[PDB]
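Next up is one chain by itself, shown in structure tokens, the form deposited in one PDB entry.
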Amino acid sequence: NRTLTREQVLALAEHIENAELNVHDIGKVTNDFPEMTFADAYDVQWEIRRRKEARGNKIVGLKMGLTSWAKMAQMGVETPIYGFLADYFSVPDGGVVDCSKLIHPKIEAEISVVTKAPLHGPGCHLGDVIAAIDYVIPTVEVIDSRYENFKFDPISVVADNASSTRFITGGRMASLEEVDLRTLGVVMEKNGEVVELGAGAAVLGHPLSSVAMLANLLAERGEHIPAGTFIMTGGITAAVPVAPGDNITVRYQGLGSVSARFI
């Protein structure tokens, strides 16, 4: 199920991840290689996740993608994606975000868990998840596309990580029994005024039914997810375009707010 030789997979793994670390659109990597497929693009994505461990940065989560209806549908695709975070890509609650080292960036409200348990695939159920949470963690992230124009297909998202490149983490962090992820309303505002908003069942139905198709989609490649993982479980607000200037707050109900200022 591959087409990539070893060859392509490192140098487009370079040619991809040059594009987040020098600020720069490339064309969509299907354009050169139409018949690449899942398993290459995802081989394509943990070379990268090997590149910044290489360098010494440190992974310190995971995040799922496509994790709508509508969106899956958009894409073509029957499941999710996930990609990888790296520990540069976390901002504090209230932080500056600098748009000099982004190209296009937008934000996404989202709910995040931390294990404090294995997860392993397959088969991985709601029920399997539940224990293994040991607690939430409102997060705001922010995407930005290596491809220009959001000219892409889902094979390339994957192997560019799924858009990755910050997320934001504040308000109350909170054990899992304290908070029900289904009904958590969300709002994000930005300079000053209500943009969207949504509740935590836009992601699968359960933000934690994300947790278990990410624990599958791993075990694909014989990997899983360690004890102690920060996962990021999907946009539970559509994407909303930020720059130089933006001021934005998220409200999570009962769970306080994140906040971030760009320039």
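So that the term is clear: the rigid core is the largest set of C-alpha atoms that superpose within 1.5 Å between two forms. Positions refer to the first chain, counted from 1. What changes on going to the form deposited in another entry:
Of the residues checked (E178, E78, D98, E193), the rigid-core alignment between the two forms shows a Cα shift of at least 2 Å for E78 alone.
Let me have the form deposited in another entry next, following on from the form deposited in one PDB entry.
There are no partners or other molecules in what follows, just the one chain.
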């Protein structure tokens, strides 16, 4: 289920990571490696993770992508994927994001969880996840594919760490029993007006199903979700482009709001 040589995995990881670190797009890597598999692509992603760890970055969480109809439709792919979150991705509520470090960024409204017990696949179900949730965190992702025109096939996107680049936490961060993640309403405002909205159920029917799916995907590589992991469960709505001068506010039903501005 692999077609890359080890040398190619290491070199592709450097190439793709450099596009992020040096703020430029690249061609879809499947153009040069058309036989590349998902296992190849995740090898590349985890090697990028290793590069970041080796230079001292902490990995502060994981994200699930392409979990909602809206995001599947927008990106043309219907296969859920995951990627990792590095510490310097983090942005404080109300913070300023420097777009000069970004290529062609978009924002997504999500709900995140922090776990308090390990989760393992395979065969992880919704009922296995519930007690492992410590609390929930309103989170806006900034995604920024390193591929030109934000156009990819899923294998390329996995290799590019599922387009991850920034995330903004905010609002009220409460216990799971206090928050219905299925019916949680989310309203995205940009420059003072509503531009997107949705409910948590858009994420695979229930955001906690995304957590179960992540455990199952990780198990394919012998990995799991350690206790204390921050997980972004997926874009509830279509992603919206942002640019210098923009301000955004995402309102979470009963949980306040997350805001940011861009320069």
